[PDB]
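Single chain ahead, by itself, as structure tokens, in the form solved without the named molecule.
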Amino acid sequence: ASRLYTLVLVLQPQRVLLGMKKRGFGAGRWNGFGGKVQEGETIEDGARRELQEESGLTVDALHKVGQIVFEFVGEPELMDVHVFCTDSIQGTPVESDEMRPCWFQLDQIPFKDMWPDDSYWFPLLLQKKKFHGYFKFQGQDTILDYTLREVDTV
């Protein structure tokens, strides 16, 4: 079985917003905003909730840009991450207990301090291409297997 997660990338024409994860899973890496989808909310509502909780931001619209499935060796549950993009933020980003937000120019994206899979699929996001991904991890550092392709419908 898989568990539903969200990931939101605030992508403007010359910069992208990332958050430094301060605690919990993936702490110490820059990432998009998101988390587990809860009972009683749609996937998109979950993505909005997490963006709000983690950055203080609300948005007009969220666009579906990809799905990535993660397997971690030894872990029963797969992560089914629904990836969204926006360029219509409302408010100014503010630090939360979970995330410290910062803007990065698109040629200074800090891949060495991000999840290793981002190096593979960010280019597709940046090129406004819809994708499906699968990544098999050994721990949090080592990609054993992956697949990646462009799709018409996410």
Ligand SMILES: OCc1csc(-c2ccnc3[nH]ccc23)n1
The other form holds:
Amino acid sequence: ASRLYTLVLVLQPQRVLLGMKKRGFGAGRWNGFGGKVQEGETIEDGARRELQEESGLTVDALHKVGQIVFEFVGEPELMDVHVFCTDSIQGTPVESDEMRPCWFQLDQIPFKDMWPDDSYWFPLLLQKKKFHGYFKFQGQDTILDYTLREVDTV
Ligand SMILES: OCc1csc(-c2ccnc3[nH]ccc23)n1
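Rather than the form solved without the named molecule that you just supplied, could I have the structure of the form solved in complex with the named molecule?
Next comes the full complex, and the chain you just saw is listed first.
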């Protein structure tokens, strides 16, 4: 019982693009760009589509960097998030009614205003490591248990 989601991090040598979600699931937190994968669409195609919808950016090749499964206690469906990175995009980040994008220097990533699990795996992403993670949440703020391991093949 898991649902497929994507997450895209535009990660350049000295900065990363995050977006402040304005409403819905995850509102009020900085994050990468992503969402549900649709019928008849590959995971990577869904990731590329979500980046365009939410940031206005066009990406060619995405690189698989991680998979994180999220459990929210009391909710039946696990969220199976496939995480991708790119350093090459086209277009300018656009603010919309749904999303406010902003570039961050790697030393100033706003972990206090992000999902709490990001503090665990984002540093692996910054050092170009790949990972498999599982996080059990109570509500949206409390990590009850987790696992996180580096891998060679996502
Ligand atoms: O569709 C994207 C999506 C679904 S669930 C989720 C998520 C849940 C909990 N912590 C998180 N940190 C970064 C992303 C994330 N992102």
